[PDB]
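Let's start with one chain on its own, the form deposited in one PDB entry, as structure tokens.
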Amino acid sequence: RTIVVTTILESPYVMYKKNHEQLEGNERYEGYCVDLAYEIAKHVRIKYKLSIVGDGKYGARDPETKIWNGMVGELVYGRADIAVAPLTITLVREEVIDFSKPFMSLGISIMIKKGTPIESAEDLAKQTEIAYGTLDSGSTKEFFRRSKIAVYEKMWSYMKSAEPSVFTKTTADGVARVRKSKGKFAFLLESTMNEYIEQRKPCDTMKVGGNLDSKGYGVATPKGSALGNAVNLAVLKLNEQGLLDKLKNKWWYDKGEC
């Protein structure tokens, strides 16, 4: 009856509220996806428990074991009834889980420390002084691994062969690496996160160049889940009611700091 909603602590989607340690259950969290979950749950008429994905990962199929990790894994292996998170709709994932229509559009973007002489993926690919990386177990890394576009193939080859790893285990780590690397690290991450971070103190990062691709986050459910339909309709309704836009404004721009 209480459905398990897997999600990931990723600002501003799901964040601990400042006074959270005096709260329990869903009350502890706030953010775009918390609001989204609330709104979805309201329309799908379910009780739900927000559960932060144990491994902290979005989800990436180990090529050896074929095991899916992250929230995708939570869904695939029956541990969560629905993932409400900035979980990118991708082909390999759609093969194993269902996604609502996107509740957010985004693209892979480059985050640089302000003043970094990078304006594009091409700029990154044609040089080596500025290291770059992406989130592990995420759609962005897969994008590059799988890309047949020459420049991205080159970036992938660099990243894949980067030592130490230029793959981070959290977005926060990637952002931290950008911020601490005096311009010598650029982070490839989704424009949504990039933009949010760009608006948070210390305001020392920025998104550069256009998006490398265009995709969406969807609310994910186990393949064939009967929840999937209601959730999809809920997402479409929320988008059309302008709630998603309002939420985006509320969580990205309204509190903007830069």
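Numbering follows the first chain given and starts at 1. Rigid core (definition): largest C-alpha set, two forms, superposition within 1.5 Å. First, how it differs from the form deposited in another entry.
Superposition on the rigid core between the two forms places the CA atom of residue 94 less than 2 Å from its counterpart.
Residue 188 shows a C-alpha shift of 2 Å or greater between the two forms [criterion: core-superposed Cα displacement of 2 Å]. Once you line up the core between the two forms, the Cα of residue 71 stays within less than 2 Å of where it was.
Could the form deposited in another entry be given as well, to go with the form deposited in one PDB entry?
We keep it simple here and write out only the one chain, dropping partners and molecules.
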């Protein structure tokens, strides 16, 4: 059979080729995860077709209906065989799907407009002149919320009662708010995205300080999948071959603009 690989339109992981209107199948797409799926399928010896997730979501369980959305849903309800995407390895997800060992590391990070006098979380917490927020619904907001940790507890208090709202509907909106804030807004988001935006014109943003946590993205397969073991080993092999670092350099820095 041709294996179905669910993925997500997130730059630079999966993006449309310029004339994608004119193209067919896997040829429609390019990016880090396009390259990754290609290399994995080579080592696992499978034919495959990329499938863009229909709701544009990674995967969360609705607190009410208990239905999984996004790519996680595609795996659990049997539409996709594997997810190759920047899907974060988390406890609730690992309970319902299997992940490979991480193909990329990351953590919560601070994005500022260049020139903003901020160099760390501690810098943000003590002051109020510069506003800061996060995505309104993800895992970054949860880190601060479910964080029994000093300075981050102070940050959460501020964010939860801030006026108006410092939580953004999308990651992209957060980024735009930093850019248009004249230095009065900072945004917390995945380090990999922060690093990516720092490489986009007009080069007006910067990542500052260390990461506040540590996580990995993994390739996902359903429980009991015949592919699980061949996918895990392929990811380890690619790391040791230097491919994964080569792909990150390619899409972040060789193709960067700053």
